[PDB]
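Only one chain comes next, encoded as structure tokens, the form solved without this ligand.
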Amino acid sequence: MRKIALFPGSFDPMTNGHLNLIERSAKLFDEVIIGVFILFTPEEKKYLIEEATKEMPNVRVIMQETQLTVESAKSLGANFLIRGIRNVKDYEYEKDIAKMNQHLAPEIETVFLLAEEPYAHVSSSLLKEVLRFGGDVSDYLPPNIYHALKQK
């Protein structure tokens, strides 16, 4: 029986950090579902994220109208949530979310991987602020996502 992980996010944008963690968890799980919780209509973000993840066969992308993460995993048979931790702040934020999800769905297990060094300082909020003032963050974004994003 499959070990299935949901990797939830708003992926606004998907960064090479997300890709990195996705790549690594595809090795750890039978499958990984990227739940994009809904600049781009759902099926544009879906397009980009499938484009970006195309070379990984056990990885699928699903739009999810906003709801309880654990409800979305239950309805997909995902008994695992997979999250990254990049710093102390991230640790405590993720940890509160995991204790809450454990109360809500005790049979679902949150699993953590640490962010890799080139990406540990990268969050979409700082990315977006830098995108907004024109800075070159092209090293932090999958190329499809960078090219799609010039239409600003």
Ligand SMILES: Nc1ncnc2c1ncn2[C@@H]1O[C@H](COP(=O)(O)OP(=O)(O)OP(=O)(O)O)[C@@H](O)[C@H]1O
Second form
Protein chains: 6
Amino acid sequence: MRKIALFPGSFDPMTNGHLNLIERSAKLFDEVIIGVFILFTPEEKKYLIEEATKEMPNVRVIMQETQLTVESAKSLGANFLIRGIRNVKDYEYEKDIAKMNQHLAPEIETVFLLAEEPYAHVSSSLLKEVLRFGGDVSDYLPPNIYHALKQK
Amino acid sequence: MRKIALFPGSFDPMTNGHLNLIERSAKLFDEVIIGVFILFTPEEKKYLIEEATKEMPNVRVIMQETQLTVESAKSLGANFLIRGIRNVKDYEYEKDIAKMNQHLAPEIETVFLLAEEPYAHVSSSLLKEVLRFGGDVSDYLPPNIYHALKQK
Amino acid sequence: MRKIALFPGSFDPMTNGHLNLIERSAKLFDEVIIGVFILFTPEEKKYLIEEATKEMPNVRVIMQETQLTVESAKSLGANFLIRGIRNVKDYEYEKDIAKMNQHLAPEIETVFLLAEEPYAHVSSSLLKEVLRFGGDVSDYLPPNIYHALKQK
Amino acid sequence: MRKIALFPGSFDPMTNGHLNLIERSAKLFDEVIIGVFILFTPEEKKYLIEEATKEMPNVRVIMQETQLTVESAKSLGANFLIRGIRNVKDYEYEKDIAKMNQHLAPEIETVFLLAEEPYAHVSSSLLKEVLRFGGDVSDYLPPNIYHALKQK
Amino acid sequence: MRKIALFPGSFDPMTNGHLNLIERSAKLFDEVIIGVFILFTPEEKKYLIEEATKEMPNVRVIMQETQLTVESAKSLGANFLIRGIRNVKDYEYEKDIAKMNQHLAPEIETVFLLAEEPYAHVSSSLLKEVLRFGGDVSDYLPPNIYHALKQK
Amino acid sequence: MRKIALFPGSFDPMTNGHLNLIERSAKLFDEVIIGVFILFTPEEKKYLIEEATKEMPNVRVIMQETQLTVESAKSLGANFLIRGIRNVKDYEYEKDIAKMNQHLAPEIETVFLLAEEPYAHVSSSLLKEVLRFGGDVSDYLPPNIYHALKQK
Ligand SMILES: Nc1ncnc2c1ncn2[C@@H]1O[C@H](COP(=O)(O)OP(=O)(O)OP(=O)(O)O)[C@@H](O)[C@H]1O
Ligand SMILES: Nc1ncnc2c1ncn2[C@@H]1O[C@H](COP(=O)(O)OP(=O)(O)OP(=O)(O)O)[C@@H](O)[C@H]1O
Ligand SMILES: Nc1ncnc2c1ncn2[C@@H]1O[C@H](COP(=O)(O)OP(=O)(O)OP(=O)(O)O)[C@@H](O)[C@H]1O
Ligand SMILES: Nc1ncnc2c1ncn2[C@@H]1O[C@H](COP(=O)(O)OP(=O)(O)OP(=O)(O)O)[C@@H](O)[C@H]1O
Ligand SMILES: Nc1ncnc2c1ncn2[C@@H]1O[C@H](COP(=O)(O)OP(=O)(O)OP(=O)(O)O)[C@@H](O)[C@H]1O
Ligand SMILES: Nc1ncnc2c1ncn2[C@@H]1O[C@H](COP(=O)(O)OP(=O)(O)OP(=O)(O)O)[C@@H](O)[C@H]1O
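Okay, that was the form solved without this ligand. Show me the form solved in complex with this ligand next.
Everything in the complex follows now, all chains and molecules, and the chain you saw is the first one.
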């Protein structure tokens, strides 16, 4: 049957780094569900992501009212969690999360992709800090999300 | 030196990880003092922690009015500080703490135990986050503390 | 991409760690190729490994002469490389290898699974050394391989 | 031409570890500019630092109202950013910051010095925690900042 | 359990780093055994190490032929293994070894001490590379071993 | 003080990674001395390196009968050692070496540059592994060093 992955994240905003994982994931799984686990306005926080990922048929976006990531996956039929690692810090953090998730839902596998080097230093928090000071970070954001980020 | 050890921590709440450390420490030192160093409240912790440790004759619990850990050790006559390391992050954090403590009190030794891998991913804050969303983490808490915790 | 994966290694011997990654990989990929790159005999390894993974319809074992992993993958039709990470040292080593493979074959994706904590300390070279001295590591090897190991 | 370095930091307060970096980079660069990228009014944080660095002719202090570090460097003709690394956490954090600053200002080079061992565990944050509790960290502070510090 | 500890190593040669751990260990255990697992001949090494530790009455030196550390401990009545950590590399290495030893002998506890900063960078191998080139590392070797070492 | 830096390394072969550090530090130092510590032939090494660094005025190539690095630097007038860090492994390794060099020659400063993204996974040895199997690493070597490597 279909191999379905949930890609949980804060995504405020979604960056080219997230998008890169989504593009690579879309080749690995039959379906990728982007889970916006809820600073931004979801109604369009989800719209931005949908816009940014429109050229990929097997990807969709979902808002999830706060709950355990695994319970969200279960109710979606996702047997796979997909996560990214950009450095040692992510690794140790994602490792604990994935063990906890394994304890909570042993049937769900967490799968890892490493950041592509162009984006290994990119995170939304660093990006927001640079923009808050006028720095040009357009090369790290999807055009539409960059457009929208300006209005803030 | 006298084989007396202080095990300082928040224990908010105490996990099986802490407990594991205490059990192993009880085998090494003549006395193990658990120092609850004050959102679960102080008087509460103590009773719970005593309740969970009652089967170890050489373990006892004290509430320590906020102060330097090494001054608290001196008062109690503890010559050893017991810490646990579960990953690189703890290692670097505990290492700086131990160096500062050695500057403040060179006669006091910091001793380290590594997490027993069933609990390497376990911390009170991760447990708290998982409980918030209804996760079952009873395998990670002493029964007494789990129940008392289900009053949320 | 076609869900065809290569899991490259020397597997001398294969451990429950490798087996564990193969089992989890088998839930995701249509085809998991165990690529044994040529201390037993080639024909013996293949037999041991096929025997240890016979319960999995979508796993195959293929002996390969040493060469570029991505050349092996391309010969066999694999679009994915499966790697495991048991600690920081593996992470940093695997990341360099993955980036190099990305340079050599951009169309091949390296996918990562984290060691299941019971085997996180296990590698063939720690096992060998323990075996050299009569240590009981039967918990860490497929029973067919552990038997074979004693024999010689 | 002159090699000029900006040394950005919150210096809250400046410690002997900072002072050690400043002294060492004062030998490496023709000029070093300490940038207090904003307790005691920074109107005095600048004086504290100025006082502490008096015996070094090629060192200046400026308060850059918060702005992109590289923008500050550019407007001062500083083609070098000087950073310290105490540990792995520092390394990964500074590395992301240097990669972003490279993207923002490719002509500016980030240069790193390792902490000298007596100060490797020293942070303003740790010092403040110890000071809060009465601990003696006078060895970790320039005399003038220590004095100016025991008043709140 | 009996506060008897084994401190296993090659001690080729024994460094002030080693000596530092032994001194600190002699304060914690009733008996510390330096297990020297076979530059110098066994008899020389034993004399060297005995000479270097003769100031500590609860320290003893035993030569041991290479074998499982935990069975050497079992033969000698040691319930504790004492190990040092000087960096992340050491931590990950000792962690795997401690987990294996725990699997081989669950009743044996491995206890860790962090390197004292002066010696954090000190290993026998590095010390030897510096020695072969004439560099003065006398500050890093007990005098008797230093003297002995500069006679060949 | 005039700023002259020694860049010690094996350089078999020199990569675009090394070249990258040389270009960057040539902008920081009055003189950069490439110290080839002598499988490759030195006359070769030197000519290859000198040719790959032809159009940098303040860059000089030298080979050292091997001796302590800080001795070779003192001989040359180099008050600075320049190193690169690609990852955590490099960092811990270079940190030990730098501390040992601080101890041997406290007057000599070790200065660090972080690898830039394109080359952070590149090392001579990983390169050789790949070359030795016909992989294309021409993007990672200076063109002359690349042609000269065809023959072997
Ligand atoms: N640039 C990137 N490259 C690869 N993976 C990434 C990147 N950014 C985030 N990820 C991974 O995507 C997942 C979701 O990240 P998420 O947006 O929740 O946190 P984050 O990027 O740290 O955001 P913030 O900085 O706002 O905390 C995580 O596994 C994260 O490690
Ligand atoms: N599961 C565990 N296994 C081994 N050691 C642990 C474990 N949890 C905590 N420790 C160690 O025991 C001591 C108690 O620490 P403390 O309870 O303050 O931290 P913590 O559990 O990380 O708390 P929090 O997550 O609430 O910040 C610390 O030295 C910590 O590293
Ligand atoms: N116990 C384990 N858990 C998870 N992943 C593992 C485990 N052992 C090996 N791997 C991963 O599987 C792949 C094959 O590993 P490899 O062939 O190097 O075996 P190894 O046991 O590390 O070998 P050796 O110890 O002999 O060098 C690598 O990506 C490795 O990191
Ligand atoms: N003891 C030290 N030795 C060497 N470098 C240091 C030391 N303390 C800080 N630095 C470096 O100096 C720069 C400025 O540090 P800064 O004061 O901004 O942060 P910090 O020291 O972490 O302060 P805080 O603890 O308040 O966050 C950073 O690059 C930091 O790594
Ligand atoms: N300077 C030091 N400070 C603290 N611990 C140390 C130091 N040197 C070694 N140790 C620890 O003491 C134990 C014995 O180590 P070992 O005999 O391997 O010494 P070593 O110097 O690492 O030897 P080698 O250079 O051959 O690896 C190990 O656990 C090691 O990590
Ligand atoms: N690609 C790179 N980017 C940045 N720094 C580098 C790079 N390659 C090497 N260096 C640094 O340059 C210095 C010289 O390194 P060295 O001669 O050991 O080359 P190496 O590539 O590590 O060799 P090998 O991998 O064959 O052992 C070291 O400090 C190393 O960390």
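Think of the rigid core as the biggest set of C-alphas that the two forms share within 1.5 Å after superposition. Shifts are known only where both forms have a C-alpha. Residue numbers count along the first chain shown, from 1.
In this core-based overlay, residues 39 to 41 form the only run of three or more whose Cα positions differ by 2 Å or more between the two forms.
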